[PDB]
Structures are given as C-alpha cells and as structure tokens.
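Colleague: Given next are the chains, with one letter for each unit.
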Amino acid sequence: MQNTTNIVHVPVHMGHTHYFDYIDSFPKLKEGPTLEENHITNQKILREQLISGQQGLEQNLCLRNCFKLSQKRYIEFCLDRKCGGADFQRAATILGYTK
Amino acid sequence: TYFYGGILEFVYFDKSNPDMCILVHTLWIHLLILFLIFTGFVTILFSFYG
Amino acid sequence: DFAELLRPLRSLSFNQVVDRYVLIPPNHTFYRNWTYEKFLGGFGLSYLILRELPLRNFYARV
Amino acid sequence: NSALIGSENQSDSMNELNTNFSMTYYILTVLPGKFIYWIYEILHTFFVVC
Amino acid sequence: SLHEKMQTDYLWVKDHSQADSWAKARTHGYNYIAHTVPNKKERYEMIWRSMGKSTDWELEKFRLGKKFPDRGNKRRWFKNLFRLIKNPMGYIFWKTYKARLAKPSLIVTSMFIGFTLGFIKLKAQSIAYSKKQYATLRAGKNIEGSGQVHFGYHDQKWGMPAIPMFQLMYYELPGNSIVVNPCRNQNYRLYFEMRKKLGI
Ligand SMILES: CCCCCCCCCCCCCCCCCC(=O)OC[C@H](COP(=O)([O-])OCC(O)COP(=O)([O-])OC[C@@H](COC(=O)CCCCCCCCCCCCCCCCC)OC(=O)CCCCCCCCCCCCCCCCC)OC(=O)CCCCCCCCCCCCCCCCC
Ligand SMILES: CCCCCCCCCCCCCCCCCC(=O)OC[C@H](COP(=O)([O-])OCC(O)COP(=O)([O-])OC[C@@H](COC(=O)CCCCCCCCCCCCCCCCC)OC(=O)CCCCCCCCCCCCCCCCC)OC(=O)CCCCCCCCCCCCCCCCC
Ligand SMILES: CCCCCCCCCCCCCCCCCC(=O)OC[C@H](COP(=O)([O-])OCC(O)COP(=O)([O-])OC[C@@H](COC(=O)CCCCCCCCCCCCCCCCC)OC(=O)CCCCCCCCCCCCCCCCC)OC(=O)CCCCCCCCCCCCCCCCC
Ligand SMILES: CCCCCCCCCCCCCCCCCC(=O)OC[C@H](COP(=O)([O-])OCC(O)COP(=O)([O-])OC[C@@H](COC(=O)CCCCCCCCCCCCCCCCC)OC(=O)CCCCCCCCCCCCCCCCC)OC(=O)CCCCCCCCCCCCCCCCC
Ligand SMILES: CCCCCCCCCCCCCCCCCC(=O)OC[C@H](COP(=O)([O-])OCC(O)COP(=O)([O-])OC[C@@H](COC(=O)CCCCCCCCCCCCCCCCC)OC(=O)CCCCCCCCCCCCCCCCC)OC(=O)CCCCCCCCCCCCCCCCC
Ligand SMILES: CCCCCCCC/C=C/CCCCCCCC(=O)OC[C@H](COP(=O)(O)OCCN)OC(=O)CCCCCCC/C=C/CCCCCCCC
Numbered sequence: 013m014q015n016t017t018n019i020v021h022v023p024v025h026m027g028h029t030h031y032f033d034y035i036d037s038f039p040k041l042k043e044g045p046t047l048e049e050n051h052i053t054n055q056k057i058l059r060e061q062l063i064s065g066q067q068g069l070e071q072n073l074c075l076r077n078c079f080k081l082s083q084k085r086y087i088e089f090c091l092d093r094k095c096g097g098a099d100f101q102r103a104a105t106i107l108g109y110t111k
Numbered sequence: 443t444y445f446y447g448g449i450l451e452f453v454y455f456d457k458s459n460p461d462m463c464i465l466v467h468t469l470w471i472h473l474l475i476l477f478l479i480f481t482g483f484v485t486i487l488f489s490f491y492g
Numbered sequence: 021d022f023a024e025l026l027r028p029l030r031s032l033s034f035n036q037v038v039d040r041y042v043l044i045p046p047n048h049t050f051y052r053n054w055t056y057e058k059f060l061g062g063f064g065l066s067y068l069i070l071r072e073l074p075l076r077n078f079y080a081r082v
Numbered sequence: 821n822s823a824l825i826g827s828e829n830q831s832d833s834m835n836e837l838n839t840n841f842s843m844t845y846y847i848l849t850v851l852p853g854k855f856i857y858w859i860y861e862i863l864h865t866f867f868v869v870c
Numbered sequence: 378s379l380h381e382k383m384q385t386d387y388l389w390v391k392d393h394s395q396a397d398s399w400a401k402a403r404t405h406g407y408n409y410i411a412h413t414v415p416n417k418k419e420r421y422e423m424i425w426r427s428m429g430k431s432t433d434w435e436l437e438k439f440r441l442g443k444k445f446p447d448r449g450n451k452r453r454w455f456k457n458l459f460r461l462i463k464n465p466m467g468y469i470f471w472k473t474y475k476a477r478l479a480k481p482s483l484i485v486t487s488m489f490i491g492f493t494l495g496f497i498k499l500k501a502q503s504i505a506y507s508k509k510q511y512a513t514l515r516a517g518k519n520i521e522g523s524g525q526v527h528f529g530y531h532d533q534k535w536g537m538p539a540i541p542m543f544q545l546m547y548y549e550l551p552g553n554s555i556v557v558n559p560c561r562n563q564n565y566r567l568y569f570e571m572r573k574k575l576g577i
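Protein chains in written order, with our numbering: chain A, 13 to 111; chain D, 443 to 492; chain C, 21 to 82; chain B, 821 to 870; chain R, 378 to 577.
Fair warning: there could be bad hints in the mix.
[As the list claims (entries may be wrong)] Listed below are the simulated EDC-like cross-link pairs for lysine to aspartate or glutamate, each with C-alpha atoms no more than 20 angstroms apart in a straight line:
{"no.": "1", "chain 1": "R", "residue 1": "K480", "chain 2": "D", "residue 2": "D461"}
{"no.": "2", "chain 1": "R", "residue 1": "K498", "chain 2": "B", "residue 2": "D832"}
{"no.": "3", "chain 1": "C", "residue 1": "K58", "chain 2": "D", "residue 2": "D456"}
{"no.": "4", "chain 1": "R", "residue 1": "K573", "chain 2": "A", "residue 2": "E88"}
{"no.": "5", "chain 1": "R", "residue 1": "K509", "chain 2": "B", "residue 2": "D832"}
{"no.": "6", "chain 1": "R", "residue 1": "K518", "chain 2": "B", "residue 2": "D832"}
{"no.": "7", "chain 1": "D", "residue 1": "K457", "chain 2": "B", "residue 2": "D832"}
{"no.": "8", "chain 1": "R", "residue 1": "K463", "chain 2": "C", "residue 2": "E72"}
{"no.": "9", "chain 1": "R", "residue 1": "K508", "chain 2": "D", "residue 2": "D461"}
{"no.": "10", "chain 1": "R", "residue 1": "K401", "chain 2": "R", "residue 2": "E437"}
{"no.": "11", "chain 1": "R", "residue 1": "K574", "chain 2": "A", "residue 2": "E48"}
{"no.": "12", "chain 1": "R", "residue 1": "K500", "chain 2": "B", "residue 2": "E861"}
{"no.": "13", "chain 1": "R", "residue 1": "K508", "chain 2": "D", "residue 2": "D456"}
To be clear, the hints were calculated from the coordinates, so they are not data collected in a lab.
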C-alpha cells in the first residue's frame, strides 16, 4: 500500500502546475463575512448580553455547573444542596436540555 | 476510558525521561568552531601576507 | 531506618503535610538549569586556567 | 556510535541511557588497557608463529 | 636579542629525542627510501657510500654487525597529531603552502566549496530523516531496511538539486516558522478580569 495514501471525504481540486502538487481550490467554496464583519456582529451580541443579560445569572450558572456532573444522583444532590432545592426536570427546561 | 477514551493498548512505559539541556556555553563553543571555520576560509583565500 | 524516613511526617498533621510538601506555591521564575550550566560550563572555565600550566615540556601538557 | 561522525544509526543505543560499571576516565584508563592487551595479543602471536 | 631565546622557545616546539646521540645506530638512509624521485639512483649511491665508509669498504663487517631501525622517526605520527590539535589552522596552512602556490580559478574554488557544503547539507538532512524513522519506530511501526529510496511501490523524494533552477522554486521547511497560534494570548483576558474582580 502506498505510504502517502489518503482517503478524503470532501471534494478537492488539484493544481495542474509543473514541479508542484497542491490543492488549489475547493469546489463551491463560499466566502462568508470578513473577520471585521464577524467582529461587529459578535460585539452586538456581547453588548446586549452585558447590558440586559446579567440579572439572575448566578442561579443559572449554578444550574449549569450541576449538570456537568457524571451521574444523575450527583446532579440531584447538587441541585438540592447548591441551587436551593431545584427540580431536575425543571432546571433542564430552563437550560434548554428538554425536547 | 469507557465514555471518552480509546482502546486500552499495551505499550512499554519508558522510565528514562530525556531532555536536551538548554545551556549558554554550548553556543559559545559553537561560535568558536564556526569562527575557526570562517578564519580558515579567510586564511586560505583572503590572506595576502607573504 | 524505615521509621527514620518518616520522621518529619510524625510531628505534622495531614493538612500541614499537604501544605508543606504537596501544595508548594507556584513560582516559575527561577533559573533551575543553573545547576547544569555551572557544572558543565566549569569545564570551559577550567580549561582557561589549565591551558596556562607552567609545565615546561609541550608533551607533558599533551 | 560514539566514534562515528554524524551517525544515522539512531536505534543502536544512540537514544538510550547507557551507563556502565567500569573505571571512569574511560579514554585514559579503560580504552588504553584494551589496546595494551591488543599489543600483547599480536606480539605473542608474532613470537609464536615465527 | 634580549627576549629572543624566551620567545622562540614559547612559539615553537623542538625535538626532545637524542636518537642520533648513539653513533652506531645512526641510519644510512635505507629505512625510509624515496622511490620515485628523479634522483632516486643518486640516493641509493649515497646510501651505499655511507655503508662503505663505515666499514672501510669491507661490507662483511656490516653483514655481521647489527642493523638498526631509524629511531628518529619514532612516534612521528603522534607528534604531528598533537601539532594539529595545538594549532589546526597553522598546521594546515604550512602543510598546504606549496600546494596553494597554484591557485585555481574562482569557478573551481566555488565548485569545491559548493559541492562540499552541498554534500554536508544532504548529510544533515539524512541525519534528520533517521530521527524521523526512530520516531516512527517508537510510534509502533517496525522498519525493515533503511533510508528513503523505496524499492517498492512508493514515491521517493531525492532532495533539492543544488542548481539555481530548483533553488528558486523550492526551499526547505524552516522549523522556526511553525508557531503557536496567537489566539493563545487571548487567554490573558481572563487574568485582567480576575484582577479587577479581586480588587487588585
Ligand atoms: C593569599 C595567598 C594564598 C593563601 C591561601 C593558601 C590556601 C588556599 C586554599 C584555601 C582557599 C581556597 C578558596 C576557595 C575555597 C575552596 C576550598 C576547597 O576545598 O576547594 C577544593 C577544590 C574543589 O574540590 P572538588 O569538589 O574536588 O572539585 C574539583 C572536581 O574536579 C570537580 O569535578 P566535577 O566533575 O565534580 O565538576 C566539574 C567541574 C570542572 O572541574 C574540572 O574539570 C577541573 C578538574 C581538574 C583537572 C582534571 C585532572 C585531574 C587532576 C588530578 C590531580 C590534581 C591534584 C591536585 C591536588 C591539589 C590539592 C589542593 O565543574 C564544576 O563543578 C563547576 C566549576 C565552575 C564553578 C565556579 C568555580 C569558581 C572557582 C573560583 C573562581 C575565582 C578564582 C579566580 C580564577 C582563577 C585565578 C585566575 O579543589 C581544587 O583544588 C580545585 C583546583 C582548581 C584549580 C585552582 C587554581 C586557582 C586557585 C586559586 C588560588 C587563589 C587565586 C590566585 C591567587 C594568586 C596569588 C597567590
Ligand atoms: C600549609 C599547607 C597548605 C596546603 C594544605 C593542603 C595541601 C594539599 C592537600 C590536598 C587535599 C586533597 C585534595 C582534594 C582535592 C582534589 C581535587 C581534584 O581535582 O581531584 C580530582 C582527582 C580525580 O578524582 P575524581 O575526578 O573526583 O574521580 C573520583 C574517583 O577517583 C573516580 O574513581 P575511578 O576509579 O573511576 O577513577 C579512576 C582513577 C584512576 O586511578 C588512579 O587513581 C590513578 C592513580 C595512579 C597514580 C598514582 C601515582 C601518582 C604519584 C606519582 C608520582 C610519585 C612521586 C614520588 C615517588 C616516590 C616513590 C616511593 O582516577 C582517575 O581517573 C584519575 C585521572 C585524573 C588524574 C590523572 C592525571 C593527573 C595529572 C598527572 C600529571 C601531573 C603533572 C604535575 C603538574 C603539577 C601541577 C598540576 O582526585 C585525585 O586524583 C586525588 C589526588 C590526591 C593527590 C594525589 C597525590 C599527588 C602527588 C603528586 C606527586 C608529584 C608532585 C609532588 C608535589 C609535592 C608538594 C608538597
Ligand atoms: C597477569 C595480570 C596482568 C596481565 C597483563 C596482560 C597484558 C600484558 C601487559 C604488557 C603488554 C605488552 C608487553 C610489553 C611490550 C613492550 C614492547 C616495547 O618495548 O615497546 C614497543 C613500543 C615502541 O613504541 P615506539 O618505538 O616508542 O614508537 C612507536 C613507533 O615509532 C610508531 O610511532 P608512530 O608515530 O609512527 O605511530 C604509529 C603507531 C601508532 O599509531 C597509530 O595509528 C595508533 C593509534 C592509536 C591511538 C588511536 C586509537 C583510536 C581510538 C581513539 C581515537 C584517538 C582520538 C585522538 C584525536 C581526537 C580526535 C581528532 O603504530 C603502532 O601501533 C605502535 C604500537 C607498538 C608496536 C606494536 C605492533 C603494533 C601493531 C598492532 C597495531 C594495533 C594496536 C595499536 C595500539 C596503539 C597503541 C599505541 O612501545 C610500546 O608499545 C609501549 C607499550 C607499553 C605500555 C605499558 C603500560 C603498562 C602495562 C600494564 C597496563 C595494564 C593494562 C591492563 C589491561 C587489562 C586487560 C584489558
Ligand atoms: C581523489 C582520488 C581518489 C581518492 C583515492 C586517494 C588517492 C590518494 C591521494 C589523496 C591525497 C590527496 C588528495 C587530493 C588533493 C589534491 C591534490 C593536490 O594536492 O595537488 C595540489 C593542488 C594544486 O593543483 P595543481 O594541479 O598543481 O594546479 C592547479 C592550477 O591551479 C590550475 O589547474 P588547471 O587549470 O589545469 O585546472 C583547474 C583545476 C582542475 O579542475 C578541477 O579540479 C575540478 C574540481 C571541481 C570541483 C570538484 C569537487 C569535488 C567533489 C567534492 C564534493 C564532495 C564529494 C562527495 C560529493 C560528490 C561525489 C562525486 O585545478 C585543480 O583543482 C587541481 C586538482 C585536480 C585533481 C583533484 C580533484 C579532486 C576532486 C575530487 C574527485 C572526486 C572525488 C569524489 C569524492 C569521493 C568521496 C567518497 O592543490 C590545490 O590547490 C587543488 C586542490 C583543491 C583546492 C581548491 C581550493 C580550495 C579552497 C578551499 C577554501 C575553504 C577552506 C576553508 C578551511 C577549512 C576550515 C579550516
Ligand atoms: C567601470 C568598469 C566596471 C566597474 C569595475 C569595478 C570592478 C571592481 C573589481 C574588484 C574585484 C573584486 C575585489 C574583491 C574580490 C577578491 C575575492 C575574489 O572573489 O577574487 C576571486 C579570485 C580571482 O579569480 P580569477 O581566477 O583571477 O578570475 C578573475 C576573473 O574571473 C577574470 O578571469 P577570466 O577572464 O578567466 O574570467 C572569464 C569570465 C568571462 O565572462 C564572460 O565572458 C561573460 C560573463 C557573462 C556572465 C553571464 C551572467 C548570466 C546571469 C544569469 C543569472 C541567472 C541566475 C540569476 C538568479 C538571480 C535571481 C533571479 O568568466 C568568469 O569566469 C568570471 C568569473 C566569475 C564572475 C562573477 C561575477 C560576474 C558578474 C560581475 C559583476 C560586475 C559587472 C561590472 C560591469 C562590467 C561590464 C563590462 O579568485 C578566487 O577565487 C580567490 C578568492 C576566493 C573566492 C571564493 C569565494 C568567492 C566569494 C567571496 C568573494 C569576495 C566577496 C564578494 C566580492 C565579489 C565576488 C563575486
Ligand atoms: C559591569 C557589569 C557588566 C554586566 C554585563 C553587561 C550586559 C548587561 C545586560 C544585562 C541585561 C539584563 C537582562 C536580564 C538578564 C537576566 C539574568 C538572569 O536571568 O539571571 C537569572 C539567575 C537568577 O537566579 P534565580 O534566583 O533562580 O532567578 C530569579 C529570577 N528573578 O541568575 C543566575 O543564574 C546567576 C548567574 C548570573 C550570571 C553568571 C554570573 C557569573 C559571571 C562570572 C563573572 C563574575 C566574576 C566574579 C565572580 C566571583 C566568584 C568568586
């Protein structure tokens, strides 16, 4: 088996240039917004989150940290001990984990 | 390992832990050797004293 | 002698043992490799003094 | 490999910790001793075969 | 002059052997003989004259007497090695003076330096490839044979031909150009915010 063998799952286009072998383009490559346009877009989100998204945050941060535990019995123990006796299914709806 | 790990493979755990010592005087030795190589280049080709 | 290896641990409690030998405050500003630099660099400094030996014979210094 | 110039035999003890239990100052004590016995081997051979 | 004997002894080494102090051991020249010089036969005649004067031209005395080696040539290879280590460039300069009286052109000198440095450059890359094979071996791939000149069904890369055509299109990978991404420095934002929260 050739040592420099690769199986690629996306289309690539190889340049037909002498002395060189490389991928010159990707088919149907769409260029998105620039780094500056993404920066202005992200700042609008972070500004709203700074101004109007900081009230009642400590409760949500405690619920999020409890759901990063390994077992479910430890999550319930975390909610009862740290989050003021919150319910498992009720806190999962707040965090958006419920279908 | 069961949730976030790979296959348990058997390897040989090397106890000897090599590490290149980052020294100061080793570059002085290197410059001296290159200073001799460059001086020989000047001694043979750019010496007009004879 | 096996009990002599644990002498500094008996006068301490577990919290004092951890705070003493385990929880060493992080300080990554020291020049740890100075030990190797002084030792190995001493070969070069020793050669500076050794190359000036008043030995008369050239082949004795060889 | 300690006597080779720019060795590429990286798997022949080049990247391993190799200490010994012989006399130190190797090229001053041990290596001349191996050469002294070499001279005896050939001088004894020359005397016998001749 | 005043400081001549002190300085001359300090600058150069003299011979310490007294090999020629013993009279009968002195060589007539038959130990190290020049074989190809145009006056070769004049050298042999002088050796024969030296042997005849020692025996008053009764060479039977030489046949019965003991023959000695040239004691003056003892340890001569070691003595040159020590001078080469003492002053390597001074030894090379004087040993090549007569050869360097004939200076080749700038082209020939450039070809010597170019091919010599080019050969050392390929040797350095060959050493670095051996470290790649050792890392491949430790990574779990046993290696039969050695080198990168693949006998089988594989692509080879011979190495940059040391001519300006390929040296303009290609250049070797500079390892110092492979860097940590600068986004690492954005983690320091965590430090500035923590310092303000703690009132530092
Ligand atoms: C006022 C007049 C005088 C009155 C007083 C007279 C009495 C004087 C003596 C008491 C005062 C001494 C002051 C210092 C206290 C030290 C005491 C001590 O016990 O040290 C033992 C000392 C260290 O013991 P050690 O642990 O065995 O270490 C040596 C090992 O070999 C090490 O081997 P290693 O493998 O373990 O490690 C490798 C080593 C590398 O070591 C080597 O490779 C050398 C190995 C030797 C050669 C190898 C062949 C071995 C030969 C074997 C036979 C030798 C036998 C000799 C026995 C002599 C006994 C004394 O590298 C290093 O470890 C680090 C080296 C670099 C560290 C920095 C060193 C700084 C030194 C001081 C700098 C300032 C001085 C000024 C500079 C000099 C003047 C221009 O042994 C020595 O004697 C070292 C001798 C080195 C040469 C010294 C020459 C200079 C002497 C200075 C004199 C004053 C200045 C001149 C004044 C001129 C007008 C008068
Ligand atoms: C008011 C007083 C003020 C002063 C107070 C203090 C006075 C001085 C007290 C000294 C205190 C002790 C000093 C400690 C500092 C040591 C620092 C150091 O660098 O040691 C490194 C050195 C190496 O040890 P190491 O590196 O640490 O390795 C650890 C183990 O050794 C490793 O074990 P290994 O088995 O693996 O090693 C193998 C072993 C190898 O096996 C051996 O041990 C070799 C032994 C064979 C030699 C034994 C015979 C030597 C004597 C021959 C001359 C005899 C003359 C009289 C004959 C009388 C006949 C009945 O070791 C070696 O490999 C040795 C190689 C290194 C040296 C070889 C070359 C040396 C240079 C030779 C030429 C010197 C030219 C002289 C120029 C003068 C200026 C430098 O340590 C020593 O060698 C200790 C030597 C102690 C002195 C020996 C006596 C020398 C006598 C010379 C006589 C000619 C001059 C007479 C002058 C008279 C003046 C009054
Ligand atoms: C029961 C318990 C005890 C058991 C003991 C058992 C052993 C018995 C002990 C005694 C054995 C010998 C018996 C007595 C022999 C006496 C003969 C005699 O009258 O003197 C002749 C001979 C005459 O020499 P010469 O006439 O003055 O000058 C030589 C010619 O002019 C030529 O000078 P050249 O300038 O033209 O240079 C060419 C020269 C040499 O030039 C070379 O190219 C040789 C280069 C060698 C050094 C380089 C080695 C390479 C690796 C290191 C690299 C160095 C790098 C340095 C540079 C740095 C990098 C750039 O060519 C030679 O090879 C001369 C060697 C002597 C001739 C013999 C026939 C040689 C053919 C065999 C060649 C293979 C062996 C070579 C070994 C060379 C050692 C000197 O003198 C000697 O051989 C002296 C040897 C006596 C030393 C005694 C030491 C104490 C004895 C006890 C030691 C304890 C050892 C324990 C061993 C333990 C077991 C492992
Ligand atoms: C080598 C034989 C096989 C080996 C077996 C061993 C044989 C036993 C003998 C070996 C012992 C002696 C070795 C040969 C020495 C040369 C003979 C000699 O001494 O004659 C006196 C000779 C005087 O020449 P001349 O015939 O009396 O008059 C010439 C006239 O000037 C003008 O004359 P022209 O107008 O009629 O023509 C111009 C030019 C004649 O044109 C040429 O010579 C063409 C030279 C073009 C470049 C050749 C590059 C050689 C390849 C080296 C690259 C690495 C090798 C591996 C890669 C390539 C693989 C093939 O003149 C010459 O250069 C005369 C030299 C011609 C014969 C020597 C050529 C040797 C080349 C090597 C052949 C292939 C070896 C393959 C390697 C094998 C390794 C396994 O001394 C010289 O000056 C010429 C030697 C070259 C000096 C060039 C300037 C070098 C300056 C370097 C400065 C930078 C150094 C910095 C210092 C270093 C740090 C401290
Ligand atoms: C106002 C007038 C103009 C201004 C005048 C002012 C000029 C001041 C002159 C002062 C001289 C320089 C003083 C210091 C030099 C001393 C050291 C030395 O190198 O002497 C060599 C010395 C003298 O050599 P030589 O055997 O007596 O031969 C002398 C002449 O070649 C003669 O012997 P030949 O007749 O047998 O030569 C025949 C010639 C026959 O040539 C031809 O017939 C036609 C040549 C056409 C050339 C075609 C060019 C093609 C270009 C294609 C480029 C493609 C790639 C480009 C890629 C770039 C990026 C895209 O072909 C050659 O072999 C020429 C030799 C190589 C020449 C290299 C430079 C060529 C261009 C010169 C630029 C100056 C233009 C001035 C305007 C002139 C207009 C009239 O010999 C030595 O090698 C010993 C020194 C060791 C040197 C080895 C290492 C050299 C590197 C360090 C050298 C020093 C630093 C660099 C200085 C400049 C060197 C290039
Ligand atoms: C006349 C003065 C000339 C001085 C030289 C001129 C050049 C000046 C340019 C210097 C720019 C300074 C940039 C910063 C350099 C950093 C130096 C350094 O890293 O030292 C580290 C480190 C400090 O150790 P730590 O406590 O573990 O680290 C604490 C870190 N806060 O220093 C050392 O390792 C000690 C070695 C210092 C250099 C070697 C000193 C010896 C030099 C030999 C000459 C001395 C002769 C006399 C010695 C007496 C011996 C008996």
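Colleague: Would you mind marking each hint as holding or not holding in the structure?
Modeller: Results for each hint:
A threshold of 20 angstroms between alpha carbons decides the hint, and for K480 (chain R) with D461 (chain D) the separation of about 48 angstroms lies outside it, so the pair is violated. For the proposed pair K498 (chain R) and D832 (chain B), the alpha carbon gap of about 23 angstroms is over 20 angstroms, so the pair is violated. Distance check on the hinted pair: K58 (chain C) and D456 (chain D) sit about 29 angstroms apart at the alpha-carbon level, beyond 20 angstroms; violated. Between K573 (chain R) and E88 (chain A) the CA atoms are separated by roughly 34 angstroms; this puts the pair beyond 20 angstroms, and the hint is violated.
For the suggested pair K509 (chain R) and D832 (chain B), the alpha carbons sit about 15 angstroms apart, so the restraint of at most 20 angstroms is met. A hinted pair counts as satisfied when its Cα atoms are at most 20 angstroms apart, and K518 (chain R) with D832 (chain B) qualifies at roughly 17 angstroms. Simply put, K457 (chain D) and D832 (chain B) have alpha-carbon atoms about 19 angstroms apart, close enough for the 20 angstroms limit, and the pair holds. Distance check on the hinted pair: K463 (chain R) and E72 (chain C) sit about 13 angstroms apart at the alpha-carbon level, within 20 angstroms; holds.
Between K508 (chain R) and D461 (chain D) the CA atoms are separated by roughly 15 angstroms; this keeps the pair inside 20 angstroms, and the hint holds. Straight-line distance between C-alpha atoms of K401 (chain R) and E437 (chain R) comes to about 16 angstroms, which keeps the hinted pair within the 20 angstroms bound. Distance check on the hinted pair: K574 (chain R) and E48 (chain A) sit about 30 angstroms apart at the alpha-carbon level, beyond 20 angstroms; violated. As the CA atoms of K500 (chain R) and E861 (chain B) are separated by approximately 38 angstroms, the hinted pair breaks the 20 angstroms bound.
Restraint check for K508 (chain R) and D456 (chain D): satisfied, since their Cα atoms lie roughly 18 angstroms apart, inside the 20 angstroms limit.
Checked against the numbered hints above, the structure violates hints 1, 2, 3, 4, 11 and 12; every other hint is satisfied.
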